[PDB]
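In structure tokens, one chain follows: the form deposited in one PDB entry.
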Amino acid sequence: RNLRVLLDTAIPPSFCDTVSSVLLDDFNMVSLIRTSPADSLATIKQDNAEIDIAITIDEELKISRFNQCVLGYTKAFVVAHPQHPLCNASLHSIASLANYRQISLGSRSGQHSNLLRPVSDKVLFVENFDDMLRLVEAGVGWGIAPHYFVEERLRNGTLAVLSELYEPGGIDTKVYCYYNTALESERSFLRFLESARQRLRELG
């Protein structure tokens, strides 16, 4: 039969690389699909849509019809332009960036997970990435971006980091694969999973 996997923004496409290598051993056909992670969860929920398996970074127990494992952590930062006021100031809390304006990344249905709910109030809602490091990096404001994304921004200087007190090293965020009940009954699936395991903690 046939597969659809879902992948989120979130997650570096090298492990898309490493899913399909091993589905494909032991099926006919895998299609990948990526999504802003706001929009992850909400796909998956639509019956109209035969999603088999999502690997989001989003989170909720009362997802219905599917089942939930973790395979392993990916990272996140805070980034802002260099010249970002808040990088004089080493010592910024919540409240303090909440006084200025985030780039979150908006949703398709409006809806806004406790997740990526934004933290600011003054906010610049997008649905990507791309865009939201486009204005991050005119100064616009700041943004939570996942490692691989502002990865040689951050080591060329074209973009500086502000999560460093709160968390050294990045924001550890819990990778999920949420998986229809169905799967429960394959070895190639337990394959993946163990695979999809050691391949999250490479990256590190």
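Take the two forms, find the largest set of C-alpha atoms that superpose within 1.5 Å, and that set is the rigid core. Numbering follows the first chain given and starts at 1. First, how it differs from the form deposited in another entry.
- After superposition on the rigid core, the single residue among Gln83, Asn99, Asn128, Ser93 whose C-alpha moves by 2 Å or more between the two forms is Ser93.
- Once you line up the core between the two forms, the Cα of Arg117 stays within less than 2 Å of where it was.
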Second form
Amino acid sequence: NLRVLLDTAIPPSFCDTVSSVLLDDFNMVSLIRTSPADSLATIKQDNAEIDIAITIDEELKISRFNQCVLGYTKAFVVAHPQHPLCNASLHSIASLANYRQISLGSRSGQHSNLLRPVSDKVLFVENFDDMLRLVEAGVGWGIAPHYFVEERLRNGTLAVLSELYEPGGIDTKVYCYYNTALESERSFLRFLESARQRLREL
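Pass me the form deposited in another entry as well; I've looked at the form deposited in one PDB entry already.
Keep in mind that what follows is only the chain, not its partners or any molecules around it.
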């Protein structure tokens, strides 16, 4: 009955708030997980037929889809603890362009201004697991969700560079692209109010 997309930047607990509420208001609900780079691309395929998409990727004026914001989530710039930029007593973002970045997506296929790699030296990866596997190996630095790096930080396995730029992580809007048709449905509005309220708690 309903098909929903959540990118891998949405913390898992939110994928839970979406499930419980939609299943309450609809008969059948389908869930798909994709990288934030592949989120908007997936819903644009005519054969996809995806009704809702919850992602951080920004892109205004999408056919058949309207946009709104559900809340926020945090993301950190991370690098191997012994990475050079960690040891730099003073941290800056202007300098990161000079080091290799482990980013998402592919070279072919445009990246939104949000996920576009900053560095000239870039190494792409399919998911967040592969990014950290290389970053922990000191290959480079990357931008990951809070929940995806919460443990590796607690255990000193990984460092943070974003504390000067935005302490406590870098707030990222969480957009909800909803098929324009759903706008006239009492069930959908009930989903937003609840989904947003639950998302605030974090």
